[PDB]
Amino acid sequence: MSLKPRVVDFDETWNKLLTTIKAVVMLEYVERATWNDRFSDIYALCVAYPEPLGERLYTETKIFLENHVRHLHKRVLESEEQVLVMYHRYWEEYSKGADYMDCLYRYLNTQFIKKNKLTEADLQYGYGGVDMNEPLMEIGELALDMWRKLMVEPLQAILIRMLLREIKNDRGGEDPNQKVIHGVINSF
Amino acid sequence: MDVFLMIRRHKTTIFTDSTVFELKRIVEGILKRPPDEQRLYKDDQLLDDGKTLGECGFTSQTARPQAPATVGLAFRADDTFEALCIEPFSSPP
Amino acid sequence: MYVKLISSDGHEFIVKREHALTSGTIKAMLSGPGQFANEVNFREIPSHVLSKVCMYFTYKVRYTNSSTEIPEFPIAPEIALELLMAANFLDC
Amino acid sequence: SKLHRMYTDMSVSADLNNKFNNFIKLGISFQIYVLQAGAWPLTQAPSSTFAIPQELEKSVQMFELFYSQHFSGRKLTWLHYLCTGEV
Amino acid sequence: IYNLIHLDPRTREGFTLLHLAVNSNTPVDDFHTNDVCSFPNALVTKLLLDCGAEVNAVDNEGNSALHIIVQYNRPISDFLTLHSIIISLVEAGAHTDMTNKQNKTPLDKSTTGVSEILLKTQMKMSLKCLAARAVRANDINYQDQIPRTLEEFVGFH
Ligand SMILES: [Zn+2]
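Residue numbers (the deposited numbering), protein chains in the order written: chain A, 1 to 188; chain B, 1 to 17, 22 to 97; chain C, 17 to 53, 58 to 112; chain F, 471 to 495, 503 to 564; chain D, 471 to 627.
None of these hints come from the bench; they were simulated from the model. Keep in mind that the hints are not guaranteed to be accurate.
To be verified - In silico contact screen, one side only, chain A against chain D (beta carbon under 7 Å); selected entries: (1) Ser2; (2) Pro5; (3) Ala44; (4) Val47; (5) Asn109; (6) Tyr125; (7) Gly126.
Positions of the beta carbon are idealized from the N, C-alpha and C atoms, including for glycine.
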């Protein structure tokens, strides 16, 4: 049976996984059979005969996401005054990519993360936390929290200033693209 | 009607829950193949089209949720469907 | 309305999709770019255990909060361990 | 005390009727009551088993179909001599 | 309340907050037994669950906060409270079938009639649990064959 705990190369498996991951997050077409085959590598990693390897995979995915968001931040902050129309493109891409990614890590979410996840109850009434650590979170939660942490905070003042300025232009009567502005506001 | 039934073609299995011709029409809709070309061999015995559920002689006791009634279907082979068998599934070691 | 399951053995089973959506893993697999238009292939599951899983699907479909005794699901002795293993990867 | 449980009956009956539509999601217009047998002064048990008309049986079977799920351990009592309908 | 449930308040026999709350509260006395602090009450357990106490807290006899509820003696007394407490307990993912030492299914240890039926209204059938019971019925090696997580799961059955 190929569903029995076994020994496989973590690095070799990650090499093959990253190729599919990069195409997925960019909303690029991937072969359905390849998707189905990759869906089993996650379980193969999560149950390794010597020792479980989910911990390393978590940080590896985190660092890949951080590298990609850094590249996107570079590209966006390079353009000046075109951020309005640029924002929508890669926000649309990243949101769908995050949703699909959260779908794809379902087993890791269900069997690993929730056990060490912080219960919402103590995050509310209990408090009880002051450690210098980031507790394990959902993959989509990682994606969104990181996206807020690393991109919107440095580049918020100029965006809000130009949105307020465009509000005056609309008060003048002219109507810019309502879809783009609505999506930008809804992103908040 | 409320009958747990299976169709077994070579590398093909169909699960479905009151005449034989109705089932032939259903499997035609499933596989887009004419119903008269296909035919049913219950225990290697041809089943006439229009044979209702009552005269099939098998009721709820045979058609079980856990053990559905299995039916062999001779799919059309050139003119007519004869001598067609499903490959048996792999047994545990 | 109907979805195809392909085992590592090679046998193909056609099932009503409303039955199939009982297991969360199958629902998640359909979600994403692989919209398949459907057919699904598992590279490691043998045919017989997947057939037992399909019978579990339809048996759960038949009786849901139904009144009176519910007939137990027969289990073969040897395949018990394989069923326990295959429960996770489908998360049903 | 007996008067107090009179008023709660209507609120209970409305709740027992509002909680009657979930799992269904007949050909007749069906509006009915669900009463608390322990409260109402309707302890007259029906001495005759009135055969329900077949047209109304589908609703009656529909009625007892769902009462089990969201009302567990509760037993229904049918007062047919109080139910009315339009023909 | 949260800081207290975070440390383990476990007594000598093994009981926790929930176990004391659900069963008969013996030491009620000196006007605490009168007009206040009715045993097997629902609101206290609801508050405790909301604060985030562990649901399937293991017991030295494995009553597991569910086998206690069924052994409620007279069910008609505070029957609605029993219904509400069962609804709350099945909420938040308390495994329905849990056996410690000898197989103690909550259905079997229950001896109060209609209450049994109430539990039947809340069970959810899973292939995993059913297969775990089937394999437990036999004596099959399960060491290093299955993944790590399901050893504790097969062990529960
Ligand atoms: Zn179980």
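Hints broken by the structure, by number, lowest first? Hints 1, 3 and 5 are the ones this structure does not satisfy, whereas the remaining hints hold.
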